Amino acid sequence: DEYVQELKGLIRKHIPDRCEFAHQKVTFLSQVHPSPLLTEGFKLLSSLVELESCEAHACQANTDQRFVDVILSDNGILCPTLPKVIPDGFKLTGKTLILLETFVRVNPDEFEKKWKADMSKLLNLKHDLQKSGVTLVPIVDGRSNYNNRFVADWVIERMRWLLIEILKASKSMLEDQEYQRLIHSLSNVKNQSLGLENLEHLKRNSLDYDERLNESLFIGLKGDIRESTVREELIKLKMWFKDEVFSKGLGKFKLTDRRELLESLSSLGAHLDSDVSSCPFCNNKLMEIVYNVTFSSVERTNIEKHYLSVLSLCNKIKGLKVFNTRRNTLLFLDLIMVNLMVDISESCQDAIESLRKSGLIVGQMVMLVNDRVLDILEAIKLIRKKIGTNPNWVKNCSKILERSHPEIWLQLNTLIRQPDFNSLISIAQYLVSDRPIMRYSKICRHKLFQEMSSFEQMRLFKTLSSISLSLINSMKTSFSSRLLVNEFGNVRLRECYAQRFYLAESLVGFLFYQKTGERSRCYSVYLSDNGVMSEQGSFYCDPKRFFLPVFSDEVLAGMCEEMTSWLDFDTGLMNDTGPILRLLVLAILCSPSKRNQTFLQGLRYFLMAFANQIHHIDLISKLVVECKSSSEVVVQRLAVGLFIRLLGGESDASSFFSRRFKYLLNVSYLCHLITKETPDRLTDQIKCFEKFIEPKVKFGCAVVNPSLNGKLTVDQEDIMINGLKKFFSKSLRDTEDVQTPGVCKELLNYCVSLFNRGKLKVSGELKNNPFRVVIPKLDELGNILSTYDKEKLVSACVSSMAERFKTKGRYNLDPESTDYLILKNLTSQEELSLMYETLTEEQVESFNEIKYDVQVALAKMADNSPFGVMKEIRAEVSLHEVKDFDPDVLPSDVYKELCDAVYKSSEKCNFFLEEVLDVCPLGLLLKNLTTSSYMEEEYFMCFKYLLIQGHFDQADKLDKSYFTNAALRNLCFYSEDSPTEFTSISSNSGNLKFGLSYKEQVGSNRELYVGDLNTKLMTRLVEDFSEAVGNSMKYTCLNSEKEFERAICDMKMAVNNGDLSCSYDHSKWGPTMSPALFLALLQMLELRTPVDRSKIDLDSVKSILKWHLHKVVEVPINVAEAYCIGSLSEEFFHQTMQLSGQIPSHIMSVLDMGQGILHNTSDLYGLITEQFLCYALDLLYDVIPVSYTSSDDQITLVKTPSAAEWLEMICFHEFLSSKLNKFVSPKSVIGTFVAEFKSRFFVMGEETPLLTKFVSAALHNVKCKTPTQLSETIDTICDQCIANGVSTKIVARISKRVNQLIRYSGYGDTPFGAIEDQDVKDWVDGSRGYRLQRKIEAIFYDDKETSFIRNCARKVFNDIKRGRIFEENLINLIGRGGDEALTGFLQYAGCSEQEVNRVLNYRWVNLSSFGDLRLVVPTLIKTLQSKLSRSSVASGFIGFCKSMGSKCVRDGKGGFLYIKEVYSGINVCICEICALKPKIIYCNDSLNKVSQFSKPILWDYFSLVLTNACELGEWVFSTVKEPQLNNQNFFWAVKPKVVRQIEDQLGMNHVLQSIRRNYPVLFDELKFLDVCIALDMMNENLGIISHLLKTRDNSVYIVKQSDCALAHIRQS
Amino acid sequence: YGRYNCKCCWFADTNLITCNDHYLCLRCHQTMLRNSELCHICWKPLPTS
Ligand SMILES: [Zn+2]
Ligand SMILES: [Zn+2]
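Quick mapping for you: the protein sequence lines, in order, are chains A and B.
Each residue of the first sequence is one higher than the one before, starting from 1428 at the first, in this note's numbering.
Each residue of the second sequence is one higher than the one before, starting from 11 at the first, in this note's numbering.
Any given hint could be a false lead.
To be verified - Here are the simulated DSS-like cross-link-like pairs (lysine-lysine), alpha carbons at most 27 Å apart as the crow flies:
1) A:2479 - B:54
2) B:54 - A:2103
3) A:1889 - B:54
As the list claims (entries may be wrong) - Which chain B residues face chain A? A few, computed with CB under 10 Å, are given here:
4) 16
5) 23
6) 24
7) 27
8) 28
9) 29
10) 53
Hints were generated in silico from the structure; no laboratory data involved.
For each residue, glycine too, the CB sits at the ideal point set by N, CA and C.
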């Protein structure tokens, strides 16, 4: 009551402009009492920001703050009996209305958890209000501070800075947990330190529930067992075990019996049960068509480009939407093309035979606009029909292409050329053949693939390339594109989509299909040799799994010949195993499926089990997968037919086992060529959820809906606590119930108590102690437009348009000015299609619904005969309508097809109109827009509009005025959800949500849990805490590279040394263990910090893994309706249907630990328990083990004293390891020859090269932004592929796949482009910076033109070094540009003008000259910010070949142009400058018209020389010397040997030399570093500092001697 | 020398002639004498007797 005099005069400076503040302040000044001062004189600051978001958008604030049901009843609208909410601002007109709520938060943690609750509360208001006959538009207003306009930002902080004392004085002069969350809400801008102590200062109340937890949860643990009592337990235990359960046969391991496995594998693989055929081509359906192409044509023109030119003009003339529909703007340029066709018929004698069957038209066929084959005669019907429908059709559209139009055309007469129907019949009767047939839904002759010569098999892969490319760009077709003719044994094909593909110089083929999209198709392939058509079959697939072969004949034949050449030790074996690998390689690519992926993965477990000496007992009952079709057998007879062939013959077939091992492991990885995509996601999520739920109800723990804030009912609780003490049940000496979750609590007692004493190899010492936008909903992950965005941007667009025609009164929408709003903020007729074609079908089918509900909203904005019974209303219309509740969600499969035609076919009434009226005034769209598909041929969308038209949708309160939990909703800024008083299980605020997803791994789907925002913050604490705990440990290797390196160095020396090394794994290491186990481990740890040697309190961690015990895992919504239609998870649902029938949406659990959440907090558990088991064998079997762990994989290397007699050790280790629910999967192998660790298979005496992962990863990962960025990633992966010593030739042929995919992309060529060919040593010594010098000095092959710029580099570099300054102010002379900096430097070094004459005339055409290539400041800033700060490939390659041929290159003036217009803007300059390398290097005279793009190449050659002198050498300068047999397969290891002329430690030194380069660029955003930093900021293609701040990162290269004695030499 | 098993065939233990830098069995000695005299594991010549 000390500021009570100040406060009334403090806020007198807010003028009551309306009635909103006037009655508020007259009841404020008349009440001098602090009991209502801090409620009613506090409700004005909530009233003050509320006006800001209602002054902002179109709004009327609720000054009465009352219900929604009676705010509609002040109008004449009947009562809909709504749910009860209070809106905080509205704007109503007609039959639509705008709700807005208002709330302001500060921290990100409890702002999104008001947004998500408010949005869920408003979007569950429609379902009673859709039935009211009205739609609404909801918005929310997030504010991250107080930014009012009606106050001036200097009085509001005085409010919260002087009312911050008045409540402490008010409750000290005179309610408990409604106090300090009000403090944390009324607190200032909180850049708030959040840590382990943030938990510490809350209340920690109780429930009388957690005692029953601790009654099962801490009891048997005392943790202080004496260290001489454990030995007397362990010797008794082993003596019990060996005599009890071993010798009566319950051991998990055995002695492998090396003959039985090869008989087992033949009975595994060669399906003599099945009735498949012996020939491979007959069974598969696409190898059939490949064999028909490659032996129908292998044993064996100005009007063309005129036709192509005018058709390529037709392509650009379609993409405008100017002819008021999409139908006559097909037929019009159809008419144009057919008149121009008959305009060639009248020119020559023979053109339509010799040059048109040789090209573009086969027997009764025509090629035109999109890709459509049209097959003449139906046009002649349709064109005559069109001129019948309108008497004078081409009189206005004949040259409507002038007005409101481009009026840039070359169509001379064919605009107006009325086609003589009596003229085309001569042509149509001339060429007639059989119409195309396309199959839906017995003898053999195929020349026996092993009996074809060694040349024409390449003619299989070459044809696979040409068919596969037509498969690939069969996505490029427009996705909207309705055909002209709509409508299952065998169909004769009227018109279809198609591609072309060339084989020789006379003939093409074809590829016919009916559906557009990215989904599966049903193709067919014909030929056309010289005009004659010939069918060759029909197959059925999906495109986007075929990116791999697309240009890769020489790739897939260099690695299949690299690999066979390994077997030059038995020539007769090699000539057999050769052509049986190649049919395998073909057959896998020709059949990408999960099953023939998984089986090919499952053979590296077999192979270690055949070289090593003990396998698990259950493995042969796990290598089998049921071949669902008769194509997965063709691979499962040839892999097995290879494994029987060269693993073991009946003789001594083990001459060189190592190459057999290498060569067969590379077959087991040759799996990997199938693209990891999980072929459909609505059959993937069901397998993901069903893989999650199976180990839970088997142990019986899963629940239904918790309350999500603390409390649990008793019945829900008791199954939790019963699962808890069933978890800790597990008596120590019973051999039944061993594969069961839980821990033996008496044994964990020993495990933790010996850790207390310092006798393990780890110990609780613990240095440096640890104690210091759009956000989605959680029922749909993997998708790219969740439910909440998709109404948000719609309602925002509604508000953005609803105002802009009430600023003037237009009251008419332009149908593209309403499609400019969405299509901008999701991602002028050329601008729209410039940014429309860069979508994906997944977004197109969302966009169409957005167009729908936006236009329905605007149609509702302006508004204020059912007797067509052919098919009844009675049980068809109203039934499906009420079942689906929307017209919007109607399916098509309740009816037939023709009723969609005929119920559309009622005549015109007031429901329709004519004259389609692109002006489109508002108030007529409900009858205008349906005519747009009355006149266009489609029917179903017109059915939906005609159905949506016709109405077919139907003092105590002074004690209560202080903030109680009923008085929460009085404020917006109250912050209802703030963490105030945490409980044993929750945090008073939430319940730690999660969410579902898979991961798209190679063999099987790995799951992945999505967390929310608070959950990540509370998981970082535990995870980084345990990371610091394990930081002081000695044997973990997850995040430390160095210990992982030491383990690798150990395994290498130890396989060479006669040891016995195991290799374990753990089946469901993720979903088995429990957070309560981590509770029961942290109860009895010590962790004495060496600073203050004391047992620290981990109650900051012990009270928060209790939260991790009780997570709320959601379910995917796509499986909430997929099990709803129609399998033990489905049994689990349909037994929770027989309860109170709520849908089961929330599953609290016992035993989750989803992979990647509590990840490092189980890595030490797999180290603590591993060392405990590691001690149990030093004392009971007198050996010395050492046991690494990477939280999912192990290896425990064992020395033995003084050969598999000691099975006893290993099985007993398995029995102990089963006692802590670390189960051992049957995938493991233990022996003495092979050991893996994280897929690095370490054989005796060597390392295994593993070729076919690197090629198979390099052919993928074609990511597309700029075609030099795309030629960087593949240079990196070619550095890794030569890190393991493949060869040069395969690297030299990835570098033509990547090159031609750019040349195919319209780009043309440039001297940088893809990386070079024939490169040999420049992988070991040098970066991309070294190789671009070798690419450019390959052009000047006489080397008489760039030795002199190296002479200038010698004269500059020996003088720009130390001991001399000699213009160290060159920071400006480079910044002039590129044309004259070389003229500065050269005449600085000195020669004539004639040298500058013979140098500056060489020019390359740039296209990233002024700006960069645009497809919706250099790269140095965006790289250095990354040191400062901290969908398929084959649908991401089509967006690089569709938005590159378009208007995409720019000048410095504002605008863009084409590439061809530039490449038409060039002369011919035959005089020996251009004839050095054509279309690469130009003259200077030939770039006379376009001269704003010609930069020299010699400028960047000098730039690269002066960069590589910085980074290495003084041998970038010398003349490249001429290079100087061994067996092909002797490779050895090399080191880099780079001679670096800087000083190290550049992690900071680069930023402090950017003041001395550019002050404004550092403002907004050593000894030789600075000369080569302006040689990088001026262009893009150098890339220097990303190779200086890091290191080479391999440094361990292995190379073949026949790739190392052949290389060159550049000494000094 | 290194480990006491065969460098080529890995599964033999007795009657092993110590080659240049690797152990080797009498069985797989003969399937290298017919192809060459130079070995294909160490790429260095081997004892004859
Ligand atoms: Zn041998
Ligand atoms: Zn050898």
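Verification of the supplied hints:
1. Pair hint residue 2479 of chain A plus residue 54 of chain B holds up; C-alpha atoms about 23 Å apart against a cutoff of 27 Å.
2. The suggested pairing of residue 54 of chain B with residue 2103 of chain A is violated, with an alpha-carbon distance near 45 Å, which exceeds 27 Å.
3. Distance hint between residue 1889 of chain A and residue 54 of chain B is unfulfilled; the C-alpha atoms sit about 42 Å from each other, more than 27 Å.
4. Because the beta carbon of residue 16 of chain B sits about 9 Å from the nearest beta carbon in chain A, less than 10 Å, this interface hint is met.
5. Interface restraint check for residue 23 of chain B: the shortest CB-CB distance to chain A comes to about 9 Å, inside 10 Å, so the restraint holds.
6. Interface hint at residue 24 of chain B: violated, since its Cβ lies 13 Å from the closest Cβ of chain A, which is beyond the 10 Å cut-off.
7. With a least beta-carbon distance of about 16 Å to chain A, the hint placing residue 27 of chain B at the interface is violated under the 10 Å criterion.
8. Evaluation of the residue 28 of chain B hint against chain A yields a violated restraint, the C-beta minimum of about 16 Å exceeding 10 Å.
9. Residue-level restraint check for residue 29 of chain B is violated (minimum Cβ-Cβ distance to chain A is 13 Å; threshold 10 Å).
10. Interface hint status for residue 53 of chain B: upheld, as the beta-carbon distance to the closest one in chain A is roughly 5 Å, under 10 Å.
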